[PDB]
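Chemist: So the chains spell out like this:
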Amino acid sequence: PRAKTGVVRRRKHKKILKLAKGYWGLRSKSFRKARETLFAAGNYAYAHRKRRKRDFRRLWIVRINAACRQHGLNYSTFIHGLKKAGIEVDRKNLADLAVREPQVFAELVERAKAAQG
Amino acid sequence: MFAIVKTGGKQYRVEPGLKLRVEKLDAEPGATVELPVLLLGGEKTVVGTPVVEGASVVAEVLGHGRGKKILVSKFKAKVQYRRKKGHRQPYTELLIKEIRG
Amino acid sequence: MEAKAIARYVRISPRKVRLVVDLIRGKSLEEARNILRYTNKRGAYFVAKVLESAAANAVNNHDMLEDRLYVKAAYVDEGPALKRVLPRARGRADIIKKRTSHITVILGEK
Amino acid sequence: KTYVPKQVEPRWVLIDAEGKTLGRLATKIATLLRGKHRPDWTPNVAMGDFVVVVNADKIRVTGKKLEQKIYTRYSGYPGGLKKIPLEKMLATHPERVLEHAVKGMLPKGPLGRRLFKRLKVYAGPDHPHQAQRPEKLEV
Amino acid sequence: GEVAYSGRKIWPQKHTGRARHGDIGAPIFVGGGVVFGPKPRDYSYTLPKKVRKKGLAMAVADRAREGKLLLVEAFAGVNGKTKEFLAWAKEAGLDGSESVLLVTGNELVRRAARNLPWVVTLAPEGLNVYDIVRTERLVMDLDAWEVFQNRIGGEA
Amino acid sequence: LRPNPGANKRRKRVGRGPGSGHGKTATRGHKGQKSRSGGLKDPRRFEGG
Amino acid sequence: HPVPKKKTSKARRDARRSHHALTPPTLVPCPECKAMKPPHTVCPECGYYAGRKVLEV
RNA sequence: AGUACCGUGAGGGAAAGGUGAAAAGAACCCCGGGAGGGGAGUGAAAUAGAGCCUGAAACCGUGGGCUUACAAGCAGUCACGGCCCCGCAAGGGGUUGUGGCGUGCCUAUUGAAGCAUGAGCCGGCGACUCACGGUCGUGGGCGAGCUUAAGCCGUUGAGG
RNA sequence: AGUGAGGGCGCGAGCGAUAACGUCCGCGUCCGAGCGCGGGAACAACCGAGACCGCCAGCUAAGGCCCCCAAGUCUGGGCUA
RNA sequence: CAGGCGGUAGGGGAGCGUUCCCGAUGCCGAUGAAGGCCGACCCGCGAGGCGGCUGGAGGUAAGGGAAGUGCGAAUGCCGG
Numbered sequence: 002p003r004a005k006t007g008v009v010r011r012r013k014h015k016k017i018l019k020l021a022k023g024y025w026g027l028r029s030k031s032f033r034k035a036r037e038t039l040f041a042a043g044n045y046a047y048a049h050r051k052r053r054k055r056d057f058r059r060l061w062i063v064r065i066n067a068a069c070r071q072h073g074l075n076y077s078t079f080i081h082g083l084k085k086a087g088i089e090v091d092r093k094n095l096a097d098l099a100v101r102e103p104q105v106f107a108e109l110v111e112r113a114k115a116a117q118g
Numbered sequence: 001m002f003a004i005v006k007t008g009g010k011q012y013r014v015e016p017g018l019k020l021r022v023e024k025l026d027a028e029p030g031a032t033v034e035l036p037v038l039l040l041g042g043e044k045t046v047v048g049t050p051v052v053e054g055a056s057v058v059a060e061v062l063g064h065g066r067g068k069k070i071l072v073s074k075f076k077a078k079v080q081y082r083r084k085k086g087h088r089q090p091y092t093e094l095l096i097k098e099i100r101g
Numbered sequence: 001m002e003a004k005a006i007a008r009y010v011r012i013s014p015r016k017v018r019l020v021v022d023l024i025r026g027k028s029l030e031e032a033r034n035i036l037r038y039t040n041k042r043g044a045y046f047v048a049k050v051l052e053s054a055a056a057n058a059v060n061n062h063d064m065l066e067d068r069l070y071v072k073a074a075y076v077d078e079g080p081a082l083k084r085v086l087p088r089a090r091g092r093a094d095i096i097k098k099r100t101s102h103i104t105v106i107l108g109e110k
Numbered sequence: 002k003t004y005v006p007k008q009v010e011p012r013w014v015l016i017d018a019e020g021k022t023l024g025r026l027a028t029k030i031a032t033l034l035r036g037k038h039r040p041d042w043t044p045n046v047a048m049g050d051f052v053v054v055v056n057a058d059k060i061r062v063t064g065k066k067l068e069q070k071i072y073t074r075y076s077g078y079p080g081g082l083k084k085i086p087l088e089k090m091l092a093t094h095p096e097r098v099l100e101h102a103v104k105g106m107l108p109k110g111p112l113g114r115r116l117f118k119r120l121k122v123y124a125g126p127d128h129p130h131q132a133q134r135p136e137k138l139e140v
Numbered sequence: 055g056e057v058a059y060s061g062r063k064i065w066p067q068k069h070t071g072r073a074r075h076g077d078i079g080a081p082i083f084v085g086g087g088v089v090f091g092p093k094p095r096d097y098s099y100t101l102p103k104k105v106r107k108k109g110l111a112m113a114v115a116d117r118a119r120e121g122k123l124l125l126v127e128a129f130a131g132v133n134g135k136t137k138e139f140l141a142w143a144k145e146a147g148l149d150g151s152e153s154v155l156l157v158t159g160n161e162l163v164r165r166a167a168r169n170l171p172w173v174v175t176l177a178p179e180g181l182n183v184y185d186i187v188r189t190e191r192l193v194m195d196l197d198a199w200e201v202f203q204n205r206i207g208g209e210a
Numbered sequence: 006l007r008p009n010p011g012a013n014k015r016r017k018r019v020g021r022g023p024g025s026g027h028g029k030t031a032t033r034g035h036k037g038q039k040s041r042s043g044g045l046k047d048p049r050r051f052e053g054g
Numbered sequence: 004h005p006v007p008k009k010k011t012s013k014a015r016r017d018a019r020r021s022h023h024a025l026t027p028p029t030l031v032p033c034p035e036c037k038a039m040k041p042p043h044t045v046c047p048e049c050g051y052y053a054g055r056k057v058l059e060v
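Residue numbers (the entry's author numbering), protein chains in the order written: chain AR, 2 to 118; chain AS, 1 to 101; chain AT, 1 to 110; chain AK, 2 to 140; chain AF, 55 to 210; chain AM, 6 to 54; chain Ab, 4 to 60.
Hints are computed from structural coordinates only; laboratory data are not their basis.
Among chain AT residues calculated to face chain Ab with C-beta under 8 Å, some are:
no.	residue
1	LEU19
2	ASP22
3	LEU23
4	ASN34
5	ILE35
6	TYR38
7	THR39
In the DSBU-like style, the derived pairs of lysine-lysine whose C-alpha atoms are separated by at most 30 Å in a straight line are:
no.	chain 1	residue 1	chain 2	residue 2
8	AM	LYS17	AR	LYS13
9	AS	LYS69	AS	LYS97
10	AT	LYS49	Ab	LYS37
11	AS	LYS69	AK	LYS2
12	AT	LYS49	AT	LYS4
13	Ab	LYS37	AT	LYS72
14	AT	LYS110	Ab	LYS37
15	AR	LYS5	AS	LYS85
16	AS	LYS85	AR	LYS19
17	AS	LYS97	AR	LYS93
18	AS	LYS74	AR	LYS13
19	AR	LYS93	AS	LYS24
20	AR	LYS30	Ab	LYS9
21	AT	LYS110	AT	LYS72
22	AF	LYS122	AF	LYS107
23	AS	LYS24	AS	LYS76
24	AS	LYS84	AR	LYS13
25	AS	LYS44	AK	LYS7
26	AK	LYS118	AK	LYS70
27	AK	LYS2	AS	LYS74
28	AS	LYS69	AR	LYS22
29	AR	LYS16	AS	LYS85
30	AK	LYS2	AR	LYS84
31	AK	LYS7	AR	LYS54
32	AM	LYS14	AF	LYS107
33	AS	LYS84	AM	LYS36
34	AR	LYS16	AS	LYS68
35	AS	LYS76	AR	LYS22
Just so it is clear, CB atoms sit at the ideal spot from N, CA and C, and this is done for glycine as well.
Hey, can you work out the whole structure from these sequences and the hints?
Modeler: Here you go:
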């Protein structure tokens with residue numbers, strides 16, 4: 002018989018109240034469109050953690066180009082350098098070092114120019 | 001000190017800190033266990049030189065424990081196209097407390 | 001708290017009443033008085049009086065250096081409304097609800 | 002890894018312009034006004050160099066001369082999109098012709114914006130650069 | 055609940071009050087009639103006497119093998135009054151942590167066999183798998199009758 | 006107080022509505038509500054006769 | 004006939020009600036007694052500058 | 001509540017349940033024409049105070065934090081930097097300026113951002129069942145297997 | 001149990017004016033119904049490519065590397081201007 | 001080791017709360033039933049505990065059974 006699903010939904014909904022952080026006035030408490038706006042945000046963070054990869058890709062990309070070239074020769078060149086390069090060829094730091102240990106870059110370099118030849 | 005060896009994808013460049021990185025849950029089957037990462041990117045406070053030899057020489061090791069875990073965050077799969085379902089971020093590693101060398 | 005200036009079911013009105021207090025707060029009985037009194041428009045006495053009780057509650061059972069009582073924190077609230085209905089051609093129901101006003105204004109000491 | 006941007010690191014520089022050629026010199030001046038070249042190089046600024054160039058005028062033409070018209074269509078609509086040729090272009094506003102190159106590649110409203118801010122020149126002969134009393138880095 | 059008081063029509067299902075609906079006091083709204091109605095009913099269930107009794111049996115069997123009080127004999131209560139009946143209990147070893155189904159025509163047996171706890175008052179050759187396994191232990195009198203009845207169950 | 010239906014017995018398919026997330030149940034309009042449609046068999050009846 | 008579309012939030016409502024805003028009433032003291040007097044005026048007390056001709060009864 | 005109220009009549013046909021445990025439900029003093037407002041007493045509470053239990057969402061309000069006048073964007077949101085916050089640090093909070101990338105959801109569509117549509121905002125209601133026939137499955141009793149209508153015992157009413 | 005009508009592209013015949021993001025049939029792919037990523041500016045179906053979930057990891061398609069924006073204003077030999 | 005894991009119509013599997021029936025009331029409880037208000041431990045989720053505040057009395061499941069049930073959404077229905 003009975004079935005005052007009330008209890009339930011009042012709940013499901015406040016849940017939603019939180020789901021909704023405190024977005025742009027109206028799509029904030031916006032129950033409905035709130036939820037919606039959310040689905041959005043969802044697929045969004047989606048895209049987000051998804052590609053942040055390429056994000057860095059570039060990040061360093063440039064930071065480093067910045068340094069390698071600043072020194073003597075861009076990517077085809079420098080890169081190819083670490084390339085010919087033997088039991089030593091890393092990346093997720095080329096930047097790092099270029100930065101932190103000026104020497105570090107200056108020489109990773111030196112050898113590298115040679116690395117190519 | 002700040003040295004570079006890296007693992008599972010370059011998890012490194014550090015000193016003695018609980019710098020938690022990736023799940024190499026193998027010696028993890030024991031709390032603060034120890035283990036080495038083959039260098040590559042040998043460089044410490046003045047003496048800076050080669051990742052080849054990093055690939056082939058000294059290694060470093062840690063004493064580690066703990067894990068981390070599911071780190072909240074969720075992801076809902078929907079398409080304007082007419083649908084939506086979603087879940088929580090499950091990730092971790094027993095984390096490392098750094099052993100010099 | 002302090003000198004309470006508030007009251008119920010008097011059908012004046014939101015916004016407007018809010019305007020009044022808007023301008024009268026800040027200062028004390030002296031100044032806000034002069035304005036509430038000689039500045040034109042409705043609310044005039046509603047406001048003023050609310051002031052009055054506020055002040056009485058005040059030097060009466062809060063007391064404090066009477067002279068320096070200045071409206072501190074305050075503004076208004078509107079409760080239900082009278083739901084009245086008028087005529088508007090080809091019959092049809094044209095509805096209205098006049099604001100039965102309540103005021104939430106407090107006199108503070110300083 | 003991390004690597005956060007320093008703090009108020011100011012550098013300016015004097016560019017010849019004169020004799021140099023249109024576009025290409027632009028490509029340059031251009032990226033020059035980096036935001037990426039000196040450390041912590043990126044979104045929120047970085048270099049870009051408060052760069053200033055003179056003899057802005059006396060630039061060499063991409064061999065085109067006439068057949069290159071800038072526009073100014075503030076136009077109260079059905080007005081004029083004011084077509085103008087490089088000649089007079091410079092004749093009165095050379096610093097600007099270059100300009101159009103410059104903006105040409107400069108991007109981002111608020112940011113690029115700020116950069117043109119740190120992007121100044123004068124087809125004046127140089128004295129202008131003088132007016133810009135400050136340091137005078139150079140190329 | 056319409057038929058009779060079905061509110062014929064009230065909305066000019068015409069095309070202007072914007073709204074749809076021709077019938078008032080209509081299903082789909084305000085305290086009116088509701089979907090797949092809560093029809094008065096009953097759960098008959100002619101569950102084959104075969105295994106039905108087969109089981110009543112099986113339950114009797116295990117419940118008993120663990121704790122079986124086929125009395126055939128008993129007596130402690132003025133013919134069977136409460137207090138004295140109780141004494142009996144203490145005798146038959148029946149205490150608190152125990153619930154037993156008292157079953158059989160010893161009407162003085164039922165007569166004193168009330169009391170919410172310990173005992174449940176069943177003086178009839180009225181049995182049932184449930185009450186069976188649900189009542190801690192079976193305790194019953196005219197067991198000549200019973201065991202034989204169960205047998206009748208056994209071979210018709 | 007324990008003997009839950011052995012194997013499967015208990016409600017096996019009183020599947021409610023149309024799908025956890027979504028829902029709708031069948032085809033297109035041709036089978037709406039007052040839609041207990043072309044029943045048992047159309048051309049099959051042709052056979053019949 | 005031309006009923007808008009929605010309401011650019013309380014936001015807008017304000018934008019307006021807002022530039023609107025309620026200013027205050029001009030006053031100095033009685034050229035005669037005390038209290039508030041708006042420029043050229045007298046009142047239920049002093050009431051003058053040259054002949055109260057006003058107040059008290 | 002078949003009374004309010006619409007219809008000429010025929011006829012249609014609401015809403016509103018609870019103060020508290022008991023009335024002890026408000027002497028009396030104070031602004032006021034009054035309401036109503038501060039006190040005293042009530043009392044276990046009166047944020048239990050007469051439409052007065054529990055008394056949430058919506059919307060409007062008083063104060064505080066961050067934020068904002070060369071800005072073009074559903075949204076957002078990944079990043080980071082400036083604030084302020086709990087913080088032992090780890091760091092966790094809220095807040096965002098700079099930038100990267102981002103056509104809103106439902107229905108019916110070859111086909112949608114929709115300029116096609118539904119969509120005003122909150123809340124409670126709001127829609128694949130029941131009876132048999134069957135029918136296929138498959139969980140369970142014996143192969144010949146099972147029992148209606150009834151007669152009978154029936155707090156439990158016990159099943160036969 | 002569901003669609004029982006759909007469109008696009010390529011090739012092969014209709015037709016149509018050898019017109020149309022036309023409509024007819026067929027081989028294939030397609031796109032819906034996954035076809036959510038790259039992409040060509042941005043563009044349901046044109047070349048690349050199948051996303052169960054992570055990574056402040058690296059190799060690649062197509063197609064790109066003066067700049068706006070990752071990537072040689074590479075080298076080599078020409079030919080237009 | 002495969003090995004695969006966009007995917008509505010549609011078909012199969014597996015869980016979720018939800019108010020009742022036994023609940024073989026176990027009781028739990030004025031050092032709160034309950035609904036509520038807030039929260040960086042549980043869940044692959046539907047949900048969970050648990051902590052803190054309200055709030056005046058309920059509420060209920062170990063295991064299983066019974067269903068007016070879980071809803072933007074229908075120019076919806078009733079009230080703001």
